[PDB]
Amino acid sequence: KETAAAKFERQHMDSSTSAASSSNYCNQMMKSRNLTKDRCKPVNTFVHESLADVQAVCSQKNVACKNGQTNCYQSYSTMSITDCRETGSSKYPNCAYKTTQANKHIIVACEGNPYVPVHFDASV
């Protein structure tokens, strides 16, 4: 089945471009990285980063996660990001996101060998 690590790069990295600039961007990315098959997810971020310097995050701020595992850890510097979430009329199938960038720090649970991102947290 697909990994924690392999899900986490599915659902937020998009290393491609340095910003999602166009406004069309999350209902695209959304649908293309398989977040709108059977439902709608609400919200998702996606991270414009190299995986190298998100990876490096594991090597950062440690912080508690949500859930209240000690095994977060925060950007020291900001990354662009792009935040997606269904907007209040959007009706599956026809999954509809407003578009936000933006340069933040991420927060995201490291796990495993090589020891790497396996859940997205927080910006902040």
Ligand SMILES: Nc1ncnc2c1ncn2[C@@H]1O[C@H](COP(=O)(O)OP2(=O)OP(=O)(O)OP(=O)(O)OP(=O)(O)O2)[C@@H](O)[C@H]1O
The other form holds:
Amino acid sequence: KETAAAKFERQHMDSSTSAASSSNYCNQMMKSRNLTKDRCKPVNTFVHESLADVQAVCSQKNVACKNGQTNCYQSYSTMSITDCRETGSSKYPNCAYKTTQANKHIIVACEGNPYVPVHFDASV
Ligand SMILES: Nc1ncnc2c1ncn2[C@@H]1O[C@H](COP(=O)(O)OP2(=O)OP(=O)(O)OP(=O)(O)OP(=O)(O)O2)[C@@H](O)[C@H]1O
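Alternate state requested, the form deposited with the named molecule bound (shown: the form solved without the named molecule):
And the full complex, kicking off with our chain again.
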């Protein structure tokens, strides 16, 4: 199957652009990464840093996860991210998103051996 680490890469990694490509970015990316096939995923974040930089977060600041588990980590540096949020116009499967660029610390949940990101928890 798709591993949880690979699913994190598909849902959350976009190292090829420095920032949010355009006002079209989320519309295109939510579709191309398969986040609109079963339903419009309501919110989702993409990180514009190298895979190694995001993986390194699993050894950075340990913080509680929103679900109460203890395996979340906050990046020491700010990272370039793009938040995608479903609009009102949006009706599946013509899912429509607002694209917002930001520079924030990311919080990811990590699991496994090797210990790698498997869930995007928050940005702060
Ligand atoms: N401390 C944790 N460690 C490992 N996994 C966790 C943890 N805390 C929540 N999780 C997972 O977070 C899911 C949220 O279920 P949800 O309905 O939101 O679909 P998701 O696609 O959307 P999310 O944006 O939250 O998240 P993600 O896009 O990244 O993808 P994930 O596959 O993680 O979830 C839960 O089921 C768990 O597997």
